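One chain comes next, on its own, written out as structure tokens in the form deposited in one PDB entry.
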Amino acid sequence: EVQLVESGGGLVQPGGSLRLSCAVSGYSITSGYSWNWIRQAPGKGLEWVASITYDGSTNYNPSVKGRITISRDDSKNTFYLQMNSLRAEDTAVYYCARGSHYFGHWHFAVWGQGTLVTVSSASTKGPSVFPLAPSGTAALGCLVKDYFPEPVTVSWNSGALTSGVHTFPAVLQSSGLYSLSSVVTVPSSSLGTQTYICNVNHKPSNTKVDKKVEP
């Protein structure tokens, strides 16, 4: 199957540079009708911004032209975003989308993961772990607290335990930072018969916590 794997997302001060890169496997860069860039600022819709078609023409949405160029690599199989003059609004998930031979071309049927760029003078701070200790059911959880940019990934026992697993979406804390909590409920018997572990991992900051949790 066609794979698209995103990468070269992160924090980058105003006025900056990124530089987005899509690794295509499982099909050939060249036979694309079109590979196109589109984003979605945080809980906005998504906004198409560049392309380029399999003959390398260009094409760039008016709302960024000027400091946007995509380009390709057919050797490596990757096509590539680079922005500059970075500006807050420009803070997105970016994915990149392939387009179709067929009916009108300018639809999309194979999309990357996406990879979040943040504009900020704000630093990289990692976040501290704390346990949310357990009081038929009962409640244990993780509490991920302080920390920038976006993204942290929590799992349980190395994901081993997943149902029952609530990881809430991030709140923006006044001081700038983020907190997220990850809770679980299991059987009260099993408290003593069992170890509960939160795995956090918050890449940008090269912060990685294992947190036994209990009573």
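Residue numbers count along the first chain shown, from 1. What changes on going to the form deposited in another entry:
- Each of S121, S85, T91, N157 except one sits more than 12 positions from any hinge; the exception, lying at the hinge between rigid parts between these two forms, is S121.
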Second form
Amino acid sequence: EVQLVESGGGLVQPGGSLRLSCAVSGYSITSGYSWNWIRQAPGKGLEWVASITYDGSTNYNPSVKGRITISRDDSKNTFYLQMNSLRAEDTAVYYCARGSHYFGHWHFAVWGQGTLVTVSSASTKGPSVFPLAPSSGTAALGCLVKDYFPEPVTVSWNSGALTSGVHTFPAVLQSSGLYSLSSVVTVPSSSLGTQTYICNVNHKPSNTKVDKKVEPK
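Okay, that is the form deposited in one PDB entry; can I get the form deposited in another entry now?
Below you will find a single chain and nothing else.
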């Protein structure tokens, strides 16, 4: 099965440069008709910015032309995106995507997971994880991920074993300039003694990974 895995996202200074990579597995990069980069910013939908065909022909969106370079490395089965002179408007989730050999080519059936590039002059900051202890039927518990920058933070429960009833709320921007979110889950009250609940928090921009157990106070 073809998989596209992205890396290189995170915080970049205004006027700095980004370097993203899209590692392709289960599929040879030389076999795709084209490999593309597509970014998604809030209020701007989706925007195609760059492409490279199987013969090495490159093409770019005029809205970014002059500060963008898409390249390829067949030996590593990876293609890259390079942008410089970054502006705050370049803040977006960047996707890599494969074109088609059929029906006009430039539609995309295979996508990466997307990585968020934040163009800001502020500093990175790791979050603090606090428990939302249950009261003691259906019980509610969760974790509080407070004061981090920039986005994103991923939260799972019991290394992915617990997914039912999970609600990870979108982050909110506090007046201090730092983000904060919480993740909850509904569990039976009779399970509060016996079942262990651990929220897995990950903030890659600060290299902060925390496993916090939530138990009654």
